[PDB]
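A selection of the complex's chains, in situ.
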Amino acid sequence: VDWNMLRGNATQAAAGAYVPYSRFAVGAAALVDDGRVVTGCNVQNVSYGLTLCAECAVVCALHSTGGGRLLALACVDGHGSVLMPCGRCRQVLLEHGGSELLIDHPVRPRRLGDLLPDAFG
Amino acid sequence: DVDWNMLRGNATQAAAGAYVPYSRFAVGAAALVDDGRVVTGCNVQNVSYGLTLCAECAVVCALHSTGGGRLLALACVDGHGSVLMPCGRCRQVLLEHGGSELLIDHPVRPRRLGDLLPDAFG
Amino acid sequence: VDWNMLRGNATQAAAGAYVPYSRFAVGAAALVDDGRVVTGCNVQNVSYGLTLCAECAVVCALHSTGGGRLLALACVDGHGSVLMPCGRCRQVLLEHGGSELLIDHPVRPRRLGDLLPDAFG
């Protein structure tokens, strides 16, 4: 896994964030099991509860570009700092990457199964 | 100015991407953005049903991943290519990115989002 | 429908709002078909997309206190001003009140079916 590449593509993805309500831009990038890279950014709504996370955008991209399984994902804020997915996104990503999906972390990337142990499903 | 045949067809193709193991109700959507490009989405269900993403939500994500802009028209269809009206959540999400004048495909005549979501919270 | 009563109970409900991220408190109150009144307030989350609307809280209350159908609902901000439900909530409320559910409005209360015409379902 070229983490520098994934981090770069997530950082570039953060540029597209629609965040007029908090200004907290988030980008995400994932390697798919066919080698391709899909990306996404967050999209807020005036009704905060309808906001879509970057990682949710990544999973939409995954299925809109031929499906498959996610192998690795990096999520960053608009400054390029690595972020941990919210719990909603951990559940969403599990559906498409499983417990062995790697998630970027500033120290060492972690298995999703360790970030969401004994997951509902 | 909108090629609805093109949009409805693209939405129809988009629906084959749907991840819908729980209901098997595929949905695809396609929209024309104000620079002339078309973006598509399909729905993506989750084992926790409440984390399911609509096709129209996927469209809005694709919008912002591909340069942003404003939506001018959108078509939403099921797996059989039958035109669908967006759910209330998608009406509100779409209003954020195309406003009241966003046109929504409809079997008889496209409708303004403003008429599908009047007196919108904002 | 005693709208003054429903507006009062919604206003009182707004006091419980958990809104550290925008400070926009919302309360809601509904008359159920057995005569009882259920209430709710909004609950934000650090991940904005996990925020729960007041009207969502009302529907949870409905089912946690014996189920039934909603006949009328009033939604107000923390100042007691009537608010129109977001689209997500219109879809949610439709499930439990139908097209004929009345929703408070400053001029005249409206049928939900008019606020969400040709609804998905």
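Letters are used for the chains, namely A, B and C, taken in the order the chains are written, and counting of residues starts over at 1 for each.
The criterion applied here is as follows: a residue touches a chain if its C-beta (ideal position, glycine included) is under 8 Å from a C-beta of that chain, and two chains touch if they have at least 3 such contacts.
Student: Given 3 placed copies of the single sequence, how many copies form the entire complex?
Tutor: Counting every copy in the complex, the total comes to 4.
Here is the rule we go by: only the chains that are shown with their structure count from here on.
Student: With chain centres defined as C-alpha means, what is the inter-centre distance between chain A and chain B in Å?
Tutor: 22
Student: I'd like the Å distance between the centres of chain A and chain C, where a centre is the mean of that chain's Cα atoms.
Tutor: 33
Student: When the centre of a chain is set as the mean of its C-alpha atoms, what distance in Å lies between chain B and chain C?
Tutor: 26
Student: Could you pull out the residues of chain B that touch at least 2 other chains?
Tutor: Residues 89, 92-93, 121.
Student: Which stretch or stretches of chain B touch chain C in the complex?
Tutor: Listed in rising order, the residues are 84-93, 95, 111, 115-121.
Student: Report the residues of chain A in contact with chain C in the complex, numbered from low to high.
Tutor: That would be residues 21-22, 44, 46-53, 56, 86-88 of chain A.
Student: For a test of understanding, state which residues of chain B touch chain A in their complex under the given definition.
Tutor: 14, 17-19, 40-42, 44, 46-48, 51, 53, 57-58, 60-62, 64-68, 89, 92-93, 96-97, 121-122
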